[PDB]
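Dropping a structure here in structure tokens format, bear with me for questions.
One protein chain omitted, others in place.
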Amino acid sequence: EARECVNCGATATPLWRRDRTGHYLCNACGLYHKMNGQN
Amino acid sequence: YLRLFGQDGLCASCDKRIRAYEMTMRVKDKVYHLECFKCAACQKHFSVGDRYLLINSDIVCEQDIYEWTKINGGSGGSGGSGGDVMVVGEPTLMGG
Partner (left out) sequence: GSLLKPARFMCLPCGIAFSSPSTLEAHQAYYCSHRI
């Protein structure tokens, strides 16, 4: 597929949320690194 | 009143003039469109910070890149280097 998620694996996401290290987040679980402020 | 455009000019896939609504990654030079930037094989949408290949007509991902090449031309062997791959840069922002 296009890429994988750290919590799910929604390859149908409009845009992958990538950080400095490379934490590929779909778009939904990516909020965990913002709202919750986790890793 | 003022018109601020800082793109190449014409598309490489369609005949539409590139305006402040391309929303595409910084390719080698010839830029495409937010719709003209799709894989020539799986037709999937590209990612950010990942590797990709540029062809003559369209572009190719990193998923079927090992297939598209062999079915067109270019094989460095089963495990051998056949060439080089590029990484998709940051999406062009109209302002910022």
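We call the chains A and B, going by the order they appear; numbering starts again at 1 in every chain.
The criterion applied here is as follows: a residue touches a chain if its C-beta (ideal position, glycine included) is under 8 Å from a C-beta of that chain, and two chains touch if they have at least 3 such contacts.
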Taking the complete complex into account, which shown chains does the hidden chain touch?
-> A
For subunit A, residues in touch with the removed chain = 3-7, 9, 21-24, 39
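The rule we apply is simple: only the chains that are shown with their structure count from here on.
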Distance from subunit B to subunit A - Cα centre to Cα centre, in angstrom = 22
In their shared complex, at which residues does subunit A touch subunit B?
-> 1-3, 11, 14-16, 18, 22, 24
Within their complex, subunit B touches subunit A through residues 44-50, 61, 63
